[PDB]
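A.B. asks: What follows is each chain in one-letter form.
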Amino acid sequence: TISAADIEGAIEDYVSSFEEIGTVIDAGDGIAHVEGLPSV
Amino acid sequence: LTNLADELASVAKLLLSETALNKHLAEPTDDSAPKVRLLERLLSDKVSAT
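Protein chains in written order, with UniProt numbering: chain A, 5 to 22, 29 to 50; chain B, 199 to 248.
The shape of chain B in the complex, shown without the other chains:
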């Protein structure tokens, strides 16, 4: 749980610092598959599975 919290905080600061990625990631869309693919291509290995 501590690792999960640290990883999530790191990701939050990453999104805050990188405005464009969060903007792209926030637009509502009927199909989320492109967003999921974007996340996986971005940080599939950087963070844990949970």
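Chain A extracted, bound-state conformation:
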């Protein structure tokens, strides 16, 4: 099941699939952590 670097050619097509919008992952004490927003 040897696989070459073709995964990079596919995974890149998968990350590029996703107006940036993030998701709150945790919150407390006036601090909130947001996933996503790569360009913030």
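Misleading hints may appear alongside valid ones.
[Stated by the list, open to error] From the structure, some residues in chain A lie toward chain B, with a derived Cβ separation under 10 Å:
1) 13
2) 14
3) 18
4) 19
5) 21
6) 22
7) 30
Worth flagging that the hints you see were computed from the coordinates, not collected in a lab.
Note that CB positions come from ideal geometry on N, CA and C, so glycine has one too.
Dock chain B against the given chain A, drawing on the hints supplied.
C.D. replies: Same frame as chain A, but now just chain B:
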């Protein structure tokens, strides 16, 4: 069934060895279509239909 088990074990070791692909493939997401497309582009022909 033996072929299915062998293929699944091979895929499991592939994911273990290739950490980044498994990481990308594991993030929960509302729509799985990108993940399915990623699998098909990766190993549509390498493994059997089942």
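A.B. asks: Now tell me if each hint is right for this structure.
C.D. replies: Structure-based check of all given hints:
1. With its C-beta approaching chain B no nearer than about 8 Å, residue 13 (chain A) sits inside the 10 Å limit, and its interface hint holds.
2. A least Cβ separation of about 4 Å between residue 14 (chain A) and chain B falls short of the 10 Å threshold, and the interface hint therefore holds.
3. Look at residue 18 (chain A): its Cβ gets to within about 4 Å of chain B, closer than 10 Å, so that hint holds up.
4. Satisfaction of the interface hint for residue 19 (chain A) is found here, the shortest Cβ-Cβ separation to chain B being roughly 7 Å, below the 10 Å cut-off.
5. At its closest, the beta carbon of residue 21 (chain A) sits 5 Å from a beta carbon of chain B; the interface hint therefore holds under the 10 Å criterion.
6. The interface hint given for residue 22 (chain A) holds, since its Cβ lies 7 Å from the closest Cβ of chain B, which is under the 10 Å cut-off.
7. A distance limit of 10 Å between C-beta atoms decides the matter here; for residue 30 (chain A) the minimum to chain B is near 16 Å, and the interface restraint is violated.
Checked against the numbered hints above, the structure violates only hint 7.
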